[PDB]
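**Q** Letter by letter, the chains look like this.
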Amino acid sequence: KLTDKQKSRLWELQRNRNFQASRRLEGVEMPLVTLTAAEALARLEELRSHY
Amino acid sequence: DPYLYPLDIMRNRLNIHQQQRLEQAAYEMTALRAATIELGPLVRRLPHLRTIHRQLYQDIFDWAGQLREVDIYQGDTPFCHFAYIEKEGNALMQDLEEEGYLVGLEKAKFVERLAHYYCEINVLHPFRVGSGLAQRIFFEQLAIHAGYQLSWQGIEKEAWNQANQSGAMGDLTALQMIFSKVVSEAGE
Ligand SMILES: [Cl-]
Ligand SMILES: [Cl-]
Ligand SMILES: [Cl-]
Numbered sequence: 003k004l005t006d007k008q009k010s011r012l013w014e015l016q017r018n019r020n021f022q023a024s025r026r027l028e029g030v031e032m033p034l035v036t037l038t039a040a041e042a043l044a045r046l047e048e049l050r051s052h053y
Numbered sequence: 010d011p012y013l014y015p017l018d019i020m021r022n023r024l025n026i027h028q029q030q031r032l033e034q035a036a037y038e039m040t041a042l043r044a045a046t047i048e049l050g051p052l053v054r055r056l057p058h059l060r061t062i063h064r065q066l067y068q069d070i071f072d073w074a075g076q077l078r079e080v081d082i083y084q085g086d087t088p089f090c091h092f093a094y095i096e097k098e099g100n101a102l103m104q105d106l107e108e109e110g111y112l113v114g115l116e117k118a119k120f121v122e123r124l125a126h127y128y129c130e131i132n133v134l135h136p137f138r139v140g141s142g143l144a145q146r147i148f149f150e151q152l153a154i155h156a157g158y159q160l161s162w163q164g165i166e167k168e169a170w171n172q173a174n175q176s177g178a179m180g181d182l183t184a185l186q187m188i189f190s191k192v193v194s195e196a197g198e
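Keeping their order, the protein sequence lines are chains G and V.
All letters in the first sequence, in the order written, are residues 3 to 53 by the UniProt record's numbering.
All letters in the second sequence, in the order written, are residues 10 to 15, 17 to 198 by the UniProt record's numbering.
If we strip away everything but chain G, and leave its shape as in the complex, we get:
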């Protein structure tokens, strides 16, 4: 994954898995987020409205 586009694709493929596992190191079990970045932004907007 030497190319900028290859590195970015790797990052996108792993970032959510990583955050789940990362949070587990803090002792918290959370479900895996499978949303795309755009979907996550739209869901964040709903959650802000909800609070």
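Since the hints were made in silico from the structure, they are not lab data.
Yeah, the Cβ is synthetic: ideal placement off N, Cα and C, and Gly gets one too.
Don't take every hint at face value.
[Stated by the list, open to error] A few chain G residues that face chain V, going by a derived Cβ cut-off under 7 Å, partial list only: (1) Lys-9; (2) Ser-10; (3) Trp-13; (4) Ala-23; (5) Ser-24; (6) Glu-28; (7) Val-35; (8) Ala-39; (9) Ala-44; (10) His-52; (11) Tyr-53.
[Claimed, not checked] Only pairs whose alpha carbons sit at most 16 Å apart, straight line, appear in this in silico EDC-like list of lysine to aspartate or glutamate: (12) V:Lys-119 to V:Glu-109; (13) G:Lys-7 to V:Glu-38; (14) V:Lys-167 to G:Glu-28; (15) G:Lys-3 to V:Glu-109; (16) V:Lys-119 to V:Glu-48; (17) V:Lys-191 to V:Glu-116; (18) G:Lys-3 to G:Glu-14; (19) V:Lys-167 to G:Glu-31.
Keeping the supplied structure of chain G fixed, place chain V with the ligands upon it in accordance with the hints.
**A** Okay, now just chain V with the ligands, sitting in the frame of chain G:
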């Protein structure tokens, strides 16, 4: 604590007044924000680490991205004194930059340097909440720029915290052992 309302609860942007509900909202919102974080640059100093934290916490805290302003303990062990964070953080990032962000290294050497830098940043604990999360994203991205990839899967929390503590006291053996497992070749 200046981060608390003048109660049991940290001041927050969501007008939540119950600590447990704030915790849960943070777990959910940080996880959605982490789904939007891009790889970022090869050249990464303290401002890039602050940007990760800002990204994660921008919905929750006005202070997202800002350095910690109080002292924090894990048990009886203090993290870096707050007034020293900027000086120590900058110095550490400068050492990292002089090592070219760990690029061009064979696996054993990468693991060794990574454990070292991970240990140093962990003691720094630059943010009031979420330091661990921001630090790990910073290093996950760094690894990919360096031709490696990190997985935190299957690392036990107790082993993780003990490894970091031993490392901060001068024996990086346990943290390097964890990193030998966490690290694999990029795209492998
Ligand atoms: Cl509430
Ligand atoms: Cl959190
Ligand atoms: Cl930077």
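**Q** Going back to the hint list, which numbers does this structure go against?
**A** Numbers 9, 10, 13, 15 and 16 - these are the hints that the structure violates, sorted from lowest upward.
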